[PDB]
Each structure stands twice: as C-alpha cells, then as structure tokens.
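Take a look at this one chain, the form deposited without its partner chain, written out in structure tokens.
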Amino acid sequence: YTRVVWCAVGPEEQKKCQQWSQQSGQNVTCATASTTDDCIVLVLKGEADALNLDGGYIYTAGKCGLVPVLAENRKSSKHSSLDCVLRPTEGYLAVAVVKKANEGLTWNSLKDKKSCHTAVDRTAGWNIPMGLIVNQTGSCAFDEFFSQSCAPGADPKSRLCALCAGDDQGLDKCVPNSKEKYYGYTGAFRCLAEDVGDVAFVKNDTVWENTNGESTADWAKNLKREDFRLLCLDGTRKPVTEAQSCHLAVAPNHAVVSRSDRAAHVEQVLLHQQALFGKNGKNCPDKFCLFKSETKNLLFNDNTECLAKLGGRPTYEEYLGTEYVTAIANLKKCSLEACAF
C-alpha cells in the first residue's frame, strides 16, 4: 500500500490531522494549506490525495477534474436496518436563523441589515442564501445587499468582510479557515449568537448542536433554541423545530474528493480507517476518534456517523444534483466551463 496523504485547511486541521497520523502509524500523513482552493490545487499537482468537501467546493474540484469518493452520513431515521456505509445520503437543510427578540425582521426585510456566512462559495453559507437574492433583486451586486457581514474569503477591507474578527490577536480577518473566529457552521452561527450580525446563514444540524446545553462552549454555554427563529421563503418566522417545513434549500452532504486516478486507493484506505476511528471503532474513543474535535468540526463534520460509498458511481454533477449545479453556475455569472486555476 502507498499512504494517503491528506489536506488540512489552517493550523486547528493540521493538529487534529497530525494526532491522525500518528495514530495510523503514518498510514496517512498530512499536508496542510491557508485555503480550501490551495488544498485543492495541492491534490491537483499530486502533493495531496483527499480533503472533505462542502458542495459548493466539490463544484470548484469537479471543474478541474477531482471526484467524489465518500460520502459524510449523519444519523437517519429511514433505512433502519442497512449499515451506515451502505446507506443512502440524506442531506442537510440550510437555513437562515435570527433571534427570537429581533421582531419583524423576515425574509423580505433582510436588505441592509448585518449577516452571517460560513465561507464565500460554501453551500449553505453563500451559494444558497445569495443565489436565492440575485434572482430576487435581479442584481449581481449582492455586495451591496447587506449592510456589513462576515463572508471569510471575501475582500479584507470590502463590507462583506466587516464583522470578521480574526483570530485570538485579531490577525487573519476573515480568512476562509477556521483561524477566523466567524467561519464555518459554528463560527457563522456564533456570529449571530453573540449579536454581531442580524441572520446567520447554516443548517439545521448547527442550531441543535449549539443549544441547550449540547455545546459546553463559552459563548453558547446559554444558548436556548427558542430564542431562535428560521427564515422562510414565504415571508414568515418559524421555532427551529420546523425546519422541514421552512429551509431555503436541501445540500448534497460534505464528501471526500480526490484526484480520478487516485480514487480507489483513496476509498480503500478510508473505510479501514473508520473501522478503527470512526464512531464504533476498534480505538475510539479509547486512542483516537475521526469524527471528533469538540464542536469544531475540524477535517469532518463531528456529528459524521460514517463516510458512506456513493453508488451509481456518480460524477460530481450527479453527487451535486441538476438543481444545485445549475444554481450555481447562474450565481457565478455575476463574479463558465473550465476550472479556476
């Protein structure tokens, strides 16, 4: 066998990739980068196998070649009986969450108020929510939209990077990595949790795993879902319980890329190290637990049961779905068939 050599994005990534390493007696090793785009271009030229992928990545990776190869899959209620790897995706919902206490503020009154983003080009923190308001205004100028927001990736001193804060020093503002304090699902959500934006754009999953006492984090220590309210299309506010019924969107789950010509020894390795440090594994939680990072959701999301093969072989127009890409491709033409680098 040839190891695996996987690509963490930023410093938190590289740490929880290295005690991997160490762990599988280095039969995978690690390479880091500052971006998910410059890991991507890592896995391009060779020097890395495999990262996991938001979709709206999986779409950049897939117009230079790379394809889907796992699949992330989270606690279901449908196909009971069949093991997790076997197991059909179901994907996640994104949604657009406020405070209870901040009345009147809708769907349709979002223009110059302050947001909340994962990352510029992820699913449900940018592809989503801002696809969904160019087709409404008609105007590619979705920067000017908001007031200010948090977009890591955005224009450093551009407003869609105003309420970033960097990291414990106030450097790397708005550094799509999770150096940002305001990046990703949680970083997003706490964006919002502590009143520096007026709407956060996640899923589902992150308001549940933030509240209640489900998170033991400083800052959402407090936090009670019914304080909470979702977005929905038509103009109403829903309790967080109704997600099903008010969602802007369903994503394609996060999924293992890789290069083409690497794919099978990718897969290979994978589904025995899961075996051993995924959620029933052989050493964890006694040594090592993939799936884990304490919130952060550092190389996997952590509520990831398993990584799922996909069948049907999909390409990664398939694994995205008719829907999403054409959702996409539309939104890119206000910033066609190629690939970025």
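If you superpose the two forms and keep the largest set of C-alpha atoms that fall within 1.5 Å, you have the rigid core. Positions refer to the first chain, counted from 1. Compared with the form solved in complex with its partner chain:
- In a rigid core superposition between these two forms, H79 is the single residue of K75, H79, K111, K221 whose Cα is displaced by 2 Å or more.
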The other form holds:
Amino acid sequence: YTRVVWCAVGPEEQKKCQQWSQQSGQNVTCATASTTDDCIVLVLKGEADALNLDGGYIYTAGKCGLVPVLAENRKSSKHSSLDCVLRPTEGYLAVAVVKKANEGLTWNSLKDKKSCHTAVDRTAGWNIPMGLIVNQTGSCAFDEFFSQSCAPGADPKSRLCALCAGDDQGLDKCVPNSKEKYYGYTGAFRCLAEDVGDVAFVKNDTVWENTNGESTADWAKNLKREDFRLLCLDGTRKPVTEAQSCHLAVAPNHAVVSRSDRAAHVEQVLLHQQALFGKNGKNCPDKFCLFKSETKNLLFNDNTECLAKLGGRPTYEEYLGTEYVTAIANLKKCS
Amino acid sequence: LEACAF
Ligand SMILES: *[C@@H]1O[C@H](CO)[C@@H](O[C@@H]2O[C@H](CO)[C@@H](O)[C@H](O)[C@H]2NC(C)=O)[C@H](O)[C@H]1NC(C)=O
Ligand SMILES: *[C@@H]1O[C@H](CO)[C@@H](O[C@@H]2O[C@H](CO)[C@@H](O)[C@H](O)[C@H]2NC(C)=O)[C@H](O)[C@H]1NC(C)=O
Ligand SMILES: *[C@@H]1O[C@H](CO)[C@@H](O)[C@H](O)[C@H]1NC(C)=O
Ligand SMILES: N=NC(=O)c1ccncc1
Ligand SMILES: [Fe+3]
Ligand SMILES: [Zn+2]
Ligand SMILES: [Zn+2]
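Form solved in complex with its partner chain structure, per the form deposited without its partner chain context:
Every chain and every other molecule in the complex is listed next, the one we just looked at coming first.
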C-alpha cells in the first residue's frame, strides 16, 4: 500500500480531510483545491488520488479518463440482509421545491422566478432542471429563464449568481464550494428556506434532513415540511412526502473516482478506511466519522451509510446510465 | 462529446 491523497474542495473539506488524515495515521493525506473541477485537475496531474463526485462531475472526470471506484450508498429503502457495501445503489430523487405559501407556483409558472441551484454542472441542482427547461422552452438561453438565481460556479456578475451570498465576510460570492452560503444541497435549500429564491433544485433527501428538527442549524431548526411543496412535471404540487411520484428524475449516486491507474489501490484503502470511520465503524463516533460533518456534507453526503462496491466494473457512462448521459450531452450543446 | 474538457 501507499498513501491515498484525497482532494478536499474548499477550507471546510480541507479541515475535515486533515482530521481524517491524522486519524488514519497518514494513510490518507490531503490535497485541497478551490473547486471540484480543480480537484479533478489535481487527480489528472497525479497530485491527488481521488475524491467523491456528484454525477455531473463523474461525467466531466469520465471524459478525462477518471473512473468510478465506490458509490455512496444510503439507508436502503427495502429490507436487505445484504451488507451495505454489496447492496446495489438505488439513486436519489431530484426534485424542485417551493414554499407552500408561494401559492401560484407550479413547474409551468417557473419563468421569471428566482432559483436556487446546488451548483452549475450538478445532477439535481443543474443538469436535470435546466435540461428539462431547455427542452421544454426549446431554447438554449437557460441563463435568462429565471430572473435571478444562485447557481454556484456561474459568472459572479451574472444573474445566475445574483442571489448567491458569499462567505462570512461576503467574499467568494458564487464560488462552488462550501464557503458560499447557498452552495450545494443544503445551501440551495437554505436559499429557499430564507426566501431568497422561489424554488430550489435539490434532492428529496435534503428537504427531510433540514426540516422538522432534523437539523439544529439556526436557519433550519424551525423549518417544517408542511410549509414546503414539491413541483411535479405535470404542473401539480405535492407534499414533500410524495417525492416518489413527483420528482424530476432519478439521479446516480455520488461516487468516488480516481485515475484508472489507482482505482484498485484507492478502492482497497477506502474499504479499510470505512471499516474504521464509517457507520458503526470501529472508530466512529469515538475518534472520527467519515460520514459526518453536521449536515454540511463535507467530502461525503452525511446520509451516506457506506461506500458500496460497483457491480459489473462499470465505465463512467455505464455508472451514470445512458439516459442521464445523453441528457447531459444535449444540455452541453447549449454552450 | 469526446475531448476531456481540460
Ligand atoms: C426522501 O428522503 C427521506 C430522508 O432521506 C427518506 O426517509 C429516510 O428513509 C429511511 C429509509 O427509507 C427512514 O428509515 C428514515 O427515517 C427517513 N429519514 C427521515 C429523516 O425521515 C424518504 O423515504 C425519501 N423519500 C423517498 C420517496 O425516497
Ligand atoms: C431533452 O431532449 C433530448 C433530445 O430530445 C433527450 O435526449 C434523447 O434521449 C432519448 C431518451 O433517452 C434518447 O433515446 C435519445 O437518443 C436522445 N436524443 C438525442 C437528440 O440525443 C434528453 O433526454 C432530454 N433531456 C432530458 C434531461 O430530459
Ligand atoms: C495504515 O495502513 C496499513 C497498511 O494497510 C494498515 O495495516 C493500517 O491498519 C492502517 N492504519 C490506519 C489507522 O488506517
Ligand atoms: N449509478 N447507478 C445509480 O445510482 C442508479 C441510477 C438509476 N437507478 C438506480 C440506481
Ligand atoms: Fe448530486
Ligand atoms: Zn421517476
Ligand atoms: Zn461494463
């Protein structure tokens, strides 16, 4: 074995990565970059070995020869005697969320409203919704569909960044890392909870984990699920309890990627690392938990039960599924 | 749909 160098995106992932590094006895060390794309560049250069990516990034990195190693696997919906590591991943539900009190709003009245996206180029917050929107409007002007948005990663002086808030000091407005207040699943849902935006494009799981006391964070601790509605593609609205019949698409689970070169070694170390810091892991909660960071989803989504092995040694296209792959392809024609 | 975008 040698060490595995993980790539942390932003200072909060860096700090968490260093805690992990320390606990692993340098078996895992850290490289840090300002963006996911930058981390994908470090891995390509061979300065970093791997990182966990959202589907939209798995596509980007895949075009560059990086490969899926293990996928995030969460609380299995069905009953499974199968170990978490061996269980097939189910994929998460991408949804569009609005305030119940925002009464006139349906999927069909989204034009000129304010939007909250996890980040440009991501599955639930971006590829799915804009793909859908571009298709339905028959126009590639997705930068002008919404009057204003927070879409971390877009031009900071553009409308797509208008609603973004930057860090503590108001710096880094719209950067695609956790320093941006409205970045990622939780940040985009916060953007909605605080009424900065009219709709948030996140995943089903995010609504639940930040409402009804599930989150103690100050902005979320008082949020209640009844106050939110999901927007279905048929123009109707439903309670956040009906994501199964009111989502925009099913999305491929985030997955760890690495140089094909190091795929095997990276997989080795992570299986061992989660046996140590995963859910029910030997040293979690006692010394360190790889899948916790207080609803901030650093390095891995906090709801991750384990990293699962991938059946069929899949290519990035097979991992993502041909439907999602063409979906992304078409949307990129637009740029 | 081919070249690595970097
Ligand atoms: C959407 O998200 C929530 C939370 O991730 C799902 O509920 C978790 O589901 C597990 C297993 O199915 C339960 O054991 C947990 O108690 C639920 N979490 C919470 C915080 O309530 C919910 O099932 C999801 N909905 C769909 C359609 O998948
Ligand atoms: C937007 O529409 C495009 C093209 O109409 C969709 O891409 C097609 O997907 C179907 C269904 O998977 C494939 O059989 C076709 O071969 C694809 N056609 C083209 C032109 O590439 C895409 O599914 C749509 N975008 C989303 C995300 O729904
Ligand atoms: C470090 O890696 C070695 C070699 O695989 C392993 O025996 C040991 O358990 C690891 N230590 C920690 C704390 O990860
Ligand atoms: N990558 N595979 C997935 O996560 C998945 C995609 C679609 N349906 C179920 C699971
Ligand atoms: Fe995602
Ligand atoms: Zn569906
Ligand atoms: Zn295959």
